[PDB]
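Engineer: Residue-level listing of the chains:
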Amino acid sequence: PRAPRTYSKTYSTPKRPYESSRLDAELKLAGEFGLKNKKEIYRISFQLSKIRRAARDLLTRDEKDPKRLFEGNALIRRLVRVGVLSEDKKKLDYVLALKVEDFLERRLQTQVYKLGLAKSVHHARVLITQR
Amino acid sequence: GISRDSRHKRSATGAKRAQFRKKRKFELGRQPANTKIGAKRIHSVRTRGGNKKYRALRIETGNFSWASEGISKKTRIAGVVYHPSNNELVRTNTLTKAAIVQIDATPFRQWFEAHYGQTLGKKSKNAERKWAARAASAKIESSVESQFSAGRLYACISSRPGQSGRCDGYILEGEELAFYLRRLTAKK
Amino acid sequence: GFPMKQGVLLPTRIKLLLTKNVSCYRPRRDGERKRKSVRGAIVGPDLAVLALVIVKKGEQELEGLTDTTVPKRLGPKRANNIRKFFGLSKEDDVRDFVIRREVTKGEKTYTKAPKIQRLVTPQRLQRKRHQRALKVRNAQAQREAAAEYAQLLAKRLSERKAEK
Amino acid sequence: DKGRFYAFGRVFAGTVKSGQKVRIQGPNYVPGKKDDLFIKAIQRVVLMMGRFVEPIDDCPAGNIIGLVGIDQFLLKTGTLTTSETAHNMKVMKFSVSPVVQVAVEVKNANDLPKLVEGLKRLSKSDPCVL
Amino acid sequence: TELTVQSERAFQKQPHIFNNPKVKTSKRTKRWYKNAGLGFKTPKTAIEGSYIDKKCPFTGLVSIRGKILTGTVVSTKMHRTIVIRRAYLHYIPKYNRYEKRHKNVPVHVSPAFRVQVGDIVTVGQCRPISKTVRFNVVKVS
Amino acid sequence: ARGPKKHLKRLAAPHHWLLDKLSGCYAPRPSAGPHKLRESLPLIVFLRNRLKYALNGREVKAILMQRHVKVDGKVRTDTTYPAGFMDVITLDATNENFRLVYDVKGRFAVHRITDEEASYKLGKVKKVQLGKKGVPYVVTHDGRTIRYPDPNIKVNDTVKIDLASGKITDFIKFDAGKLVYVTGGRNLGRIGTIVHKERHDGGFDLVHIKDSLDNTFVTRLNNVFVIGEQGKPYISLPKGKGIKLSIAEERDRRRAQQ
RNA sequence: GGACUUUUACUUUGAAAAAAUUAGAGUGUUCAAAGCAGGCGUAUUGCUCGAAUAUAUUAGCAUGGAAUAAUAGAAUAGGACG
RNA sequence: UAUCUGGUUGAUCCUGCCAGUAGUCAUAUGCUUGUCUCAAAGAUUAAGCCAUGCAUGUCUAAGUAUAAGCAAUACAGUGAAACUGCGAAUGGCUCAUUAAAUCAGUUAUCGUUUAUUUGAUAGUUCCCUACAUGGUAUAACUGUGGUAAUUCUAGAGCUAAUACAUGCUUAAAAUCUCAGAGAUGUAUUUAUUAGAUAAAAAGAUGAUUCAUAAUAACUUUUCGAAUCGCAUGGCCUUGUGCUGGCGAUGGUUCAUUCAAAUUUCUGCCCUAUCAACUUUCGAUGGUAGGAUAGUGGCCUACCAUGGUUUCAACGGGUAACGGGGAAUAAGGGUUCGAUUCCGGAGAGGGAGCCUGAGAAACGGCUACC
Ligand SMILES: [Mg+2]
Ligand SMILES: [Mg+2]
Ligand SMILES: [Mg+2]
Ligand SMILES: [Mg+2]
Ligand SMILES: [Mg+2]
Ligand SMILES: [Mg+2]
Ligand SMILES: [Mg+2]
Ligand SMILES: [Mg+2]
Ligand SMILES: [Mg+2]
Ligand SMILES: [Mg+2]
Ligand SMILES: [Mg+2]
Ligand SMILES: [Mg+2]
Ligand SMILES: [Mg+2]
Ligand SMILES: [Mg+2]
Ligand SMILES: [Mg+2]
Ligand SMILES: [Mg+2]
Ligand SMILES: [Mg+2]
Ligand SMILES: [Mg+2]
Ligand SMILES: [Mg+2]
Ligand SMILES: [Mg+2]
Ligand SMILES: [Mg+2]
Ligand SMILES: [Mg+2]
Ligand SMILES: [Mg+2]
Ligand SMILES: [Mg+2]
Ligand SMILES: [Mg+2]
Ligand SMILES: [Mg+2]
Ligand SMILES: [Mg+2]
Ligand SMILES: [Mg+2]
Ligand SMILES: [Mg+2]
Ligand SMILES: [Mg+2]
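Residue numbers (my numbering), protein chains in the order written: chain F, 661 to 791; chain V, 517 to 704; chain X, 15 to 178; chain Z, 89 to 218; chain P, 244 to 384; chain C, 335 to 592.
Worth flagging that the hints you see were computed from the coordinates, not collected in a lab. Some hints could be false.
[To be verified] Quick list of in silico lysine-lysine cross-link-like pairs, DSBU-like style, CA-CA up to 35 Å: (1) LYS703/V - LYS256/P; (2) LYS466/C - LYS34/X; (3) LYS703/V - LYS273/P; (4) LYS467/C - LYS256/P; (5) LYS512/C - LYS501/C; (6) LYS149/X - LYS466/C; (7) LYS439/C - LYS466/C; (8) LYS539/V - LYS340/C; (9) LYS142/X - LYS466/C; (10) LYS169/X - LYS488/C; (11) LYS641/V - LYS655/V.
[Claimed, not checked] If you want a taste of the chain V side facing chain P, the calculated C-beta under 7 Å gives, among others: (12) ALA528; (13) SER584; (14) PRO600.
[What the hints assert, rightly or not] Simulated restraints, written as ranges between beta carbons of each label pair: (15) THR272/P - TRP582/V: 56 to 66 Å; (16) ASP412/C - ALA160/X: 28 to 38 Å; (17) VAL317/P - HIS524/V: 24 to 34 Å.
Note that beta-carbon positions come from the ideal geometry of N, C-alpha and C, so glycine has one too.
Input sequences plus hints: build the corresponding full structure.
Structural biologist: As structure tokens, then:
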């Protein structure tokens, strides 16, 4: 038989289901960025965790570990390449600081509203959607 | 199958193993030839790789060798006298490697005369000029001369008739003949 | 319908294991010794058909005997199977005596003939020469390239003999 | 093979082909409601002989054939249509009646499941047995 | 081995090595030996003895190719073959600790060597020479 | 069991050839030839997977039947024919020749050479014995049994071959200093010098190597090919020139061409 | 090359540990999961970068270390050294 | 990516479990189900049973064409049947068996067989043909047939070969052998010999009985081309004379490649309510042979009394094929792996065996159940 397709889960569900603190902090992020699911939030915090996972794992290696420098650049090269890391913060472990909001800002959906162009983030989403 | 696998056979700890996998052909063995005297008969056997192999059963015209001189004359074999594996072969006169036999030995007397000439035990000229040129080359042992007076000579096989078909041996000399002599007359 | 085995010597019917001889070998490939039933060589009332071969003739003809006269259906094809089908020796060089056979469909009809094999011809002769010739040019190149080697027999026995 | 049954009968209009969005209509169903109705596929169509069932790709109207893969949706009878609103078919007034009854249970208690299944299977066997 | 060597019912001698009774080079029986390789060389007990032992790494027609192993002779009780005990520690990852294990190795001992139980010993892998033996001894420490 | 495998499953095929996981299910199983299955590179790979002169497999068995194609001068119609290290391939059209050579990352590389000087091949000697009737022969790394060799050439050396016959023209001894190519190991495909032999009898002969930028490494002897005098490679060599570089070093050379 | 460094454990480095999977560099599959692709301009007869790298525990191989922890070194000297 | 909450009391602090919570490439199942991409899937229970169909056949310029097949001066194009060759030993499926077995990594063959590929490699042959041997023979086909029935086959009549069976064709030197006619290859089998390789005086390897050579003979005498297709150049002393080129098929040996068979070290889950086990019938070893492709108690004869075990043998269990791997992961761990790759085993259960380089084959045969 031919080889297996590889696939992966993009998201990860919270541990305590009914902490209002997380319930409300989630809903604020929804109306602000015009999201529907918590999956939209979960996907991003899972991304962010899959990213600090690499980040704390490189600061444990002593400076000048060729792996530390090499993927340390590779990371930040990819993170101000999107604007979720600000240009000054290119320094090494400012990465560990990001909340999710910096990603929802750099979403296509938000820009189409923060660049004039939409008048409301909910209007932005359907504008993108309809070709 | 007559199988050659170790996978029957208790392990070194004394423990009966299990039967995984049936006998495979590449671990087979076959029955012995049990080759007898006379009426030369050999059977091809088709062995692995297509290679043939010749199964002596009833051989009689057996090549030999001397071979303190390197002579190797084909000669009749008349019987077997001693076997170190069991003495049930000396009385079935079945020939295998390491058997000890009586051979005709006249083709060796009638080559001793040819090279040197005495012989035992009571025509051009390129040979006379080499006849007494070869000297000090008629010192037999008391062990080997005393036989032509009986005619049959004592030899041991070195080939494998079951495998090679052709069965060829050498002749007993030195303590090799001394040792095998102290059991032929130790049986006596 | 079971047939009779050429030598079995029974009036009955029995089962044997068959190689490529007599009532077998096909249909199945490469031996493959199917076990089939056969019937004895001796006759009895239980038979349906006996196959007899006329050997002598006697008094009165039979209508399946004299008038029925069917032909050989193929003529010789080896040069010497043609040559000594008539008595012609190596000195007769057939292709003049090979039989022909006619057929008529669209009226040129011209005959078909069997292509003799074992035919004494070039390049059976040419390839015979070309073969034995190749034996030597290789052997001669072998013999002479062999000796071309043993001139470093000199130089490398002239750094251990001419080395003082 | 044990207990499956050929749906047997006659093509009156249209054609039947192997694999088909047939609507199986039991004698309860009416074209308004959803009732003794199944919209499932016709595995194969074969023509019947005496233990020959030579299989067949399709079959036109006016003939006698069997269908496989239909049986599990049929109690005793039915009409197969592909119209959104074709009606059922008449109920086959026959002469004999399931009037002489008997009582059954299994000799061995473990076998009752094989008996209750069997009674559904027997009721398909015949057009009359209740 | 003892009884000179001809205790066996077959005559016991090296194959294809010729004690010729027409040239009295007074050794009167030629001794074929080979240097085993790998550093260790043939003991003088092998060159000068007169045992037969077709399995001797020096006298015999058998060669030494694989692993070379060091064990300690634990049984000395079958003819021309002994068994040694190799000890080692196996590692149990979960406890980050070790347990003592040990295998036994039946080893042919050519009559060149006298060996007593005790006696750390050096062995090298040769062709299967019995059901259980695949090693032959070369040293005594 | 029961016989020789005629098939090769993808992902059982060597990483050398760099075939897509998904694509089809099978790889092409190299035929029997001069080198080895794992170290070969069948024709079908070369024509279609790097050159991209073919798209189908049906194409190569439609272009090889032209006899458009030759390795070591001989034509070789077999689609799954095992072509390995050091051979050459002239082509009828395109007046264009290739030699099969590793890049630094250990895979076979496309590499072109002159109409002439594809006339000659190199090969490592691994067997030197006496033939029947006393005729000494060598065996190269491509199965060539070459007779009457310059005596005291001896195993581990390399030999130039004229490809008209199996002619040995010159020979480089295997000695401290000579230039080498790495043909195995994590360091497969690197070049430079020779600085040691740990003789290691009974075992593996590791061999210390130093390259143009003075990087030590060790590879076991059957992973080294002696390739002539230093700075004077006896074969036309692909533009990478087999020297290795850091993973961080490679990134910078890309950003040079901004 | 003729006699051995008593012999082990541990640890450093190196080669070894198939491919896939995992980690992970690169690449706007329109994103993404993926895949190992792809990238630069002419009304066409080309140019060009990739297909990395790593953890791949054991046991074995090669190796640097000589702490830690075992072990043999002469005592009926039959001992070293010549 | 290092989190706990509810429940024993009148109340308290504990122990401590039950319950809750989160994931599961983890099965099942209920309700619900619009778009796109990706794509597991009769493993678990029953390695239980199977209707029907299919899953292995194969042709070139180049083994055999007289189809009474087409198409139109031995044959000649195309070409069914049949012979010959090759393949059918891969693939695919399944995981029943299997616990030192398999398997993984790591060794070994100085312990063996090997179709094929690739590369090297071969003048010699009679005890009355070589311008070319025999029917030592037959299929398809013709025709006579049996049986309810099968890929059943008989009886009679032809004819091919790269099928089967044969066998003559050579120089030029020498070494022998009777001022000179014949015998001198290779492989089978034996035995002896060299294989030096540590200085002055009458070849390879860590290592060999290695490669190789030499002597003396052996053999139901192995191979050493009576084969095809495309071309037709050259020679003059112009004759089916003599020559010659690019290819196809085949063969002994050696190498190679794909393999394989054995094999060294270390490593398996639960169980002592398994503590001894193995050896009369091979258990551990010794000599010898036999057998094998070859080592080996693999088997046999003779002998010896050995071999394993608390550092857990032996036995029992596994709802156990091993492995790469999967799930959960602060770290350590826990649980799984029938299943895309690798290795192995099996083809209803057992055994046996033909063919062949390769099978102890199952879309092969034989027997029992
Ligand atoms: Mg056939
Ligand atoms: Mg891997
Ligand atoms: Mg990934
Ligand atoms: Mg991506
Ligand atoms: Mg915890
Ligand atoms: Mg209360
Ligand atoms: Mg719970
Ligand atoms: Mg749960
Ligand atoms: Mg559901
Ligand atoms: Mg649409
Ligand atoms: Mg099914
Ligand atoms: Mg099942
Ligand atoms: Mg298979
Ligand atoms: Mg060849
Ligand atoms: Mg005839
Ligand atoms: Mg005939
Ligand atoms: Mg379990
Ligand atoms: Mg033996
Ligand atoms: Mg099981
Ligand atoms: Mg398991
Ligand atoms: Mg699980
Ligand atoms: Mg598994
Ligand atoms: Mg199961
Ligand atoms: Mg499947
Ligand atoms: Mg498998
Ligand atoms: Mg099988
Ligand atoms: Mg079944
Ligand atoms: Mg079977
Ligand atoms: Mg099969
Ligand atoms: Mg089947």
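Engineer: Hint by hint, which ones does the structure fall short of?
Structural biologist: Violated hints: 2, 7, 15; rest satisfied.
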